[PDB]
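Contents: one structure, followed by commentary.
Heads up, one of the protein chains got dropped from this complex, but the rest are sitting where they should.
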Amino acid sequence: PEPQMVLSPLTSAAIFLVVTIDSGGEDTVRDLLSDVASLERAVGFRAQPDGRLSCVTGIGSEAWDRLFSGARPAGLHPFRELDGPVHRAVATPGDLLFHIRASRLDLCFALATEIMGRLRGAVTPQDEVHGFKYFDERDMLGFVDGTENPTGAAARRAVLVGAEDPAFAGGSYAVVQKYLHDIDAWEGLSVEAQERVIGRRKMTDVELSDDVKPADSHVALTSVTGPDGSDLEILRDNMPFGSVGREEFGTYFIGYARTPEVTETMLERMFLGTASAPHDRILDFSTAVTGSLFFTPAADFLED
Amino acid sequence: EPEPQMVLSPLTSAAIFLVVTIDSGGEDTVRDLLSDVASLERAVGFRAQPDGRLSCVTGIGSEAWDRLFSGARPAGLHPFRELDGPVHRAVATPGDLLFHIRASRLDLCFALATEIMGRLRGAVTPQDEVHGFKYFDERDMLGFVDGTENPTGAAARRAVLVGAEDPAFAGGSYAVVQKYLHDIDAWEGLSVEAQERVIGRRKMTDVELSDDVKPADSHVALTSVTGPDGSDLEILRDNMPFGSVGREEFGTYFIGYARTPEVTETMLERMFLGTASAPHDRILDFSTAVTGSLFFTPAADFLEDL
Amino acid sequence: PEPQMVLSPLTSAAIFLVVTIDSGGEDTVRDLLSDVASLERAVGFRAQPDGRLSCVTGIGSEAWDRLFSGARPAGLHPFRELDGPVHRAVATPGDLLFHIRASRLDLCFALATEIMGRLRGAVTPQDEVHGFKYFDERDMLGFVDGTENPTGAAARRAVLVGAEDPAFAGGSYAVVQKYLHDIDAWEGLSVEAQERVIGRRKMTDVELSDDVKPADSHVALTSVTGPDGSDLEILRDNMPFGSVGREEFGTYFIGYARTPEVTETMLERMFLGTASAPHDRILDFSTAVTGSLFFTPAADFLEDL
Amino acid sequence: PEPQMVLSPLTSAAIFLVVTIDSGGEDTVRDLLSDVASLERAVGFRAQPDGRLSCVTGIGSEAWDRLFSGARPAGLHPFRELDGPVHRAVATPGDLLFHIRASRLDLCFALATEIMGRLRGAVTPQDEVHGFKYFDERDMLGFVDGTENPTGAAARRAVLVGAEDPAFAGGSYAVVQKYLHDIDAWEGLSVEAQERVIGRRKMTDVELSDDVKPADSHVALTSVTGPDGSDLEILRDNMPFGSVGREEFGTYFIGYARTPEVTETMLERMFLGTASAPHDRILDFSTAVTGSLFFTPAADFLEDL
Amino acid sequence: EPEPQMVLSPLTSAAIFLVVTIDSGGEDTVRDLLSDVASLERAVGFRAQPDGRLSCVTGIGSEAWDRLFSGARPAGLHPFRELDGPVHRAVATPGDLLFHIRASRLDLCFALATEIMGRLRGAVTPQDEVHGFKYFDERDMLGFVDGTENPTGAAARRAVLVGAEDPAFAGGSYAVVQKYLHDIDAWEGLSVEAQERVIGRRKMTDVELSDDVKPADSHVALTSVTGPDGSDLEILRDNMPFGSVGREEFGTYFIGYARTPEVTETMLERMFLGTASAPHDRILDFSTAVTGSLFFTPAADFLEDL
Partner (left out) sequence: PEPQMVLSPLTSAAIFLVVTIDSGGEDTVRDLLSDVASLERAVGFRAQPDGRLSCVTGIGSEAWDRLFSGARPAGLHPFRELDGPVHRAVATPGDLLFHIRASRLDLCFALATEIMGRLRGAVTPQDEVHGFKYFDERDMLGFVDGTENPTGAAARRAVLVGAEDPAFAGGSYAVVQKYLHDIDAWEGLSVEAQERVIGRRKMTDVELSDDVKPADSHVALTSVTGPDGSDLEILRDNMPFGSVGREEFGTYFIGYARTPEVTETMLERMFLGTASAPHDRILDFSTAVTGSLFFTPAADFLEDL
C-alpha cells in the first residue's frame, strides 16, 4: 500500500504546521484531508522537475477519536511528558501536523496557504516554523545533522507500518519537538568539548572512537539496541530555524518510526538517563518547548 | 520480467514527435531500424549523461503491424476511429510509426531524430514533425498548468503498462496522438474566470474548482471518468506546446499513454460526442484536432529481438 | 568613491534588520560600522561564486546626529508621516538598517548573526523580516514586481548621490515600509479588477495601454515626470514575506533613490492623491506598518571610521 | 547613446523574425517600436536572473523612408544580390528584423507572441526561424562556430556606429541569410577534407597552420585586412535550425558590423572569389535562400518616437 | 537478505582509484577499517546532499582474502592471470585492497580517501593512486565516447551481481583493474577514418559502424562475446581518463565489474591473444597496460558484519 512521502530525503526548505481542531470543525477537516494530495499536486506540478514538493499529514491521538470511529492505529497515543530531574520534555497541544518540504520556500508557502485557506474557522494554529538548510547540512550547533539516518530497505523497515498492524500498513509515527538552543553557553565551550557533547568530530563529521566517546554524549544515548541484536533506527528530518533579533536559534526535531516505542525509548534515555549517564548533555544547551505525537496514514487512507 | 520502453518517464523541456508512413517495399528497412533504435538512443544519449535525459519511445500502428509481423498481434491494436460529432470532429490521419523523443535539450532530440530518419530514408514518408518546448511552469498555450493529475508511481504502472491480460505483449502500452491548434484570439477574449470554467481549474494557482461551481461541460468534468472499481480511469499525458508566431499557429501536441485504448477512447467520446449533461467539451470551442493516430509501443525487448 | 551594493539585483533570499541604538551604545555601533565589510567578506567568501551575499548598511537622521559630528547628507531627515483622508503612512523608529541579500538564506542568517553578536547590549531590535522569492518574481498580490526598475547607467543616475552633495557622493537614500495585505479582500476581486488596481496584466506582466489604465492605478500614480519632461526613477528591492497561521501576507518595500524627494513625491501621490485620483487603489488592500528613511553611505565612509 | 543588445553573447535559444510592412501599417509599426523595450522587460523580468532575454530590432532601407522623416543612416541600402559564376547570394524582402535570444525558447516565444500580436494586420511574415544550440557551440556541419568573434573593446569598435555617422551613433548593421546545407554531400567528405574546407580542426577547433591552410578555405577567405593592415571583424550570432522530415539542416547567419561594407567585402570574397580562389568551398555545401540588410538603431532612438 | 555495494551506480565526473597491499601484521587494522568504511562514506557524503553522489566500492584480492578471513571464499576469486601475447602483455601487479571512490566533485573523493588512508597508515603500502576526471562528453583520451554499451537496469543486475550460483556471496561482484597509458603521438598520426576502424564506432557521433564495415579486429568486434545460447556477455565499465601533460602521460583507468571473472577474462584473451581473423585488438597498438589486478567486492552487509 502507498505511503505518504515519509521516506523522502531532506530538502533545503520546510514549513512545519501544527494546528488544533476547534469544536465543530471536524467536517471541514475531514474534507480537507481527502483533498490534501490533490492540493499538493496542484502546487507541486508547477515546479517539475526540481521543486521536490511534498506534504506529510499527521493526526494526533485525541483528534483521531473525534474524526473517525472504529479502527485506530495500535501505537497511537498522546505524547508522554517526561519530567527528568533536570530537563523536561513537555507535551503541547496538536491535532494535525503538516510537514511540508521543497527545494524552495515559495512552494512550501503556496501549499500551506491553500491548506490553511480551506481550514480557516475550523482550526487554531499552534506552531508554524519555516526551516532552512544551513551550510553543509548543519544544525544551529554547527554539527552535520542527519548522517546516520537509514536509507533504502533499512529505512523502509524502520519507518513503515507493516504486518504487525496490517489495516494501517504504510503508515508511520511522527514525533515533533521544537528546540531552542543556548548559543551563548554553547559557544563558550571549546570545539573539543562540543565534540564530546555530541560524539562526533565537528568539522569532518567522523564519529569519535568508542574509547573516547562519553557515555552521556548524544550519539551514545540515542544508540539503542533492542533485545534482538539490531540497532533501533528512526528517520530524522530536523531543520534549523531562527530569528536573530530575538536570539532564537532552533532545531525543529521531527522523527519518523514504525512504532513510537523506538522514539520514546530514545527520549527516555536522553531526558531520564541510564545507569551510566544522568541525561543527554545536548539538553544542557537545548530546551524543548513543544512535543506532539502523530500518526501519518498511508496515502490511500486519506483519499477515501 | 519484460523491460518497458520509457513510457513512464516524466515530462522534459524538449521533445520531437515524428510520425511517418511506411512506403510499399519499405518493411525490411523498418524492421532493421526497429532492432537498432535502442542502440541509436544510447549512442546519442550517453554523451549527455547525467542531465541529458534522452529517451525515444517507438510506436507501431495497426495497419503497419499487419504489414510487418507474421505472428501475434496486440489485443487492443486497431486504427484510430474518427469521431464525427455534430460540431467538432476527431480526424483520423495516416501514421504507421511514431517516435516520441524527449530530452532536457533540443539538440539531443534532433541528433537522434537525424540518425533514425537517415536509416529510414527512402523507406518511409514523413507525415508530421513537431518540436515541442516547455512553456513557463508546465503551462500549455492556453496558459493553464498541464499534466497535474497524471498518475505517478505504482498507479502509473497499473494505468499504462500492459500486463497479464495480454501476456505476449506485457510491458507494452497504447499511445494516442492528436495535434491540436488553438484559436488564441478567441481564447484571449475571455476573462480569466470564463477560461477557468472551460478548463475546470484555477488558472494561476492550478487548484481544481469545487464540484459546486465546475460546469458539466468543463474539460476536467468530461475527462473524469469513474471505472467499475469506483476509481477514475487514468491515462499518462506528455503534452507539449509548439507553435510558429508568424503563421499564428499555437498548438498542443496531445500524447496519451494507456494500458488499453478503451480508456482514451472513452474520454475522446465524452469530449467530442458529449453526455446527457454536456453537448461537448468546451475546450474544443478553442481547439481543433488536425491529426489523430493510435500506436502500440511494445516492450523494449520486443524491438531488440527482431 | 566606492558605493555599497545598492545597485545589485534582486536575490532569492533576504533579511531586513532594523534596530535602534540604545543610549551609550554609540561607540560599539561605530566599531561595528567600521568592520561590517570585513564581516561580509568573512561569510560571503565561503560561497563564491554563487552565494551573491551583500549587505547594505543605512543610518537614520536622528542616529546620524548621535554618531557623527561633521556634515550631514543634504537630504537626510526623519521619515515624514503622511496622514491621508483614508490611509496613513506611519513613521516608526529605526536608527540602523541592514539590507542583507544572497541566493541562499543561510548566508544572510550567518551574516546577521555576526552583526547582531557585535551589537548585543548596544541596540534594540525593531523589525526583522526574512524575505523569499515567490515564483517568477511575484509579490503576494500575485503580480510580477520589479519590472520597471532602472538598469545600467540609468540606475546609477537614479540611485547614486553625485556632485550635488560631493562629500557624500556614492551614497544613496533608502525608504523602507513593511506592508501587510488583506488577501481575503484581494481574492474577492476578479483578475481584471486586480489588473485595473495595478495597471498591468497579471499573468503576462504587460502594461495596460494608457487609454485603459485607470488614473488611480498604482502604475499611473507612481509614474512621475520631472520638470524636465524626464521620468523620476527609484530602484526597488521588494521582497515577499509572511506567516500562514497568522494570516500575514506581506510586501517588504525598500526603495533606493539619489534624493528622498523622488520617493516622497511617489508616496504623497499614493497616500494623499492628485487632482485625478483620491489615493492609490493598492492601498485599499495594503497597510503600511513601518516607515523609516536611511542614508546608505559610500563604502569608504564606513571603512574610515 | 545606449546601444541595443548587439554586443551580447550567443544564447542557447533564438527566434529570428523578418516581416514586411503592409499598406498603411506604418503608424502601428511606429507604436510597437516605441514599446519593444517595454515588452522585452515585461517578459524578461519574470526569468531573472538566468533568462537572458534580449530583442534586437532592425529596419530595412525602404522601410526607413516609410517610417521616419529626415536623416538616414549613411550605410543603409537594400541588400545587394551577388550573382557569382556558380553560387548566388539572393536578396529577399524584409522591412523589420526581430532577433530574439534567451536561455530558453519559451521566453523568446512569449516575446515574439506579444510583438506579433501588436503587429497583426500591419505586417506580412517573410521568415521565422527557431534556432537552438547544438552540442558544444557547433553548427550543422559539425564545427565549432563563433570562435574568432571579437570581444570587449574590439567588439565595440567593430560593431557600433561612432563619430563617422554621429546622429546614428550606437547603431549597427545586421545582415541575415538563411543557409540550407547539403549534408549528404558533406558527409561524403573525410574529416580531413572537411577541415581543409573550413580551415580549423573539427574536434578540437584549433586553427590549421598557415603552411597547410588552403586559400579557398572558409577561414582564409573571410580573413580580410583594412588598407592599414588591420583585421576587419564582424560579430556573428548564427544559430543552427532544422527539420528532419524535410531534410532541412540549416545555419541562420546573422552578422553585425559598424558598416555593411565590411560584411559585403566578406560576401564578395566568398561568392565571387579572389585571385587565388574561385569561391569559398563552404558554398559547395551551403545554399543561401534569404538575404536582407537592416540598421539596428540605438535603443534611445526607438524609445523617443 | 542481499544488499550490494554501489557497483551498479553510474559514472561520475570525478573518481579516485586506490590500490594498496597489506603489510605483515596489518590484518587486524584492515578488518577494523573494512567494518567502518560504510560509516566513513556516510560521514563525508552526507555533507554534500543531494548532489555530491559520493560512493566507495571496496574490493579484496585473492591472497588478501586468505589472510583476512576464515572459512569460505568466493568461487571465482583468484589472482589476475598475466596474458603474454606475442606483441602485447597484460601484466599482473600487486594489489590486496581496492577503493573505487566516485563523486560529482573531487574534494569529496579526496576527503574520504584521506579518512580511509589515515586509518590504514602503518598497515598497508600504496601501490597505485589515480585521480580520474570527466573529459568533455564522456570521452576518453583517444577522443572516443567511452561507456556507451554498458548494460542498464535489470540487464546490469544480471551481468554484475553474484546470485544463486554462489549463495554465500550473493550481491557481490568481481572487479578487474588495468591502468593503461596511451601513445597519443602515434594515435594522432592516424586519420579519423583509421581511428574509427580501430574502435568500431564513429568518432564524433558515437554511432556504431554497421557490422558489414566493422573490422574483425576492431575493439568493439573483439569485446563482443556471445555465450552458449547466443546471448551477449556483458560487463559494467566505469573507466576514467587521467593524465599529466608534462610527462606525456595520457591514461585510461580501466575498471570492469562482472558477476564472474570469466567473462572479463574471455574479453581480455580475445584482445591480447586474438582470434582466427584478428591477431590482437588494434587498440593495444596504442595502449599499454602497466597494472592488472582482480578483486572481489562483497555485499555491503558482509563488510559491516566484521
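Going by the order they are written in, the chains are A, B, C, D and E; count residues from 1 in each one.
One rule holds in what follows: a contact is a pair of C-beta atoms (placed from the backbone, for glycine too) under 8 Å apart; a residue touches a chain by one contact, two chains touch by 3 or more.
Within the full complex, the residue among E:70, E:210, E:226 or E:244 touching the omitted chain is E:244. In the complete complex, the hidden chain is touched by one of E:6, E:38 or E:117, namely E:117. Here the missing chain is touched by one residue of A:1, A:9, A:142 or A:150, and it is A:142. Listed here are the chain C residues that touch the chain not shown: 2, 38-39, 41-43, 45-49, 110, 114.
Seen across the whole complex, the unshown chain contacts chain A at 135-136, 142, 190-192, 202-203. For chain D, the residues touching the chain absent from view are 9-10, 136-137, 144, 146-148, 153, 200, 204-207.
The rule we apply is simple: only the chains that are shown with their structure count from here on.
Taking A-C and B-C together, the chain pair joined by more C-beta contacts is A-C.
Chain B and chain E, compared by their mean Cα positions, are separated by 41 Å. In whole angstrom, the spacing between the mean C-alpha positions of chain A and chain D is 58. Separating the centre of chain B from that of chain D, both taken as means of CA atoms, is a distance of 37 Å.
Shared interface positions of chain B, i.e. residues touching 2 or more other chains, are given as 47, 111, 136-137.
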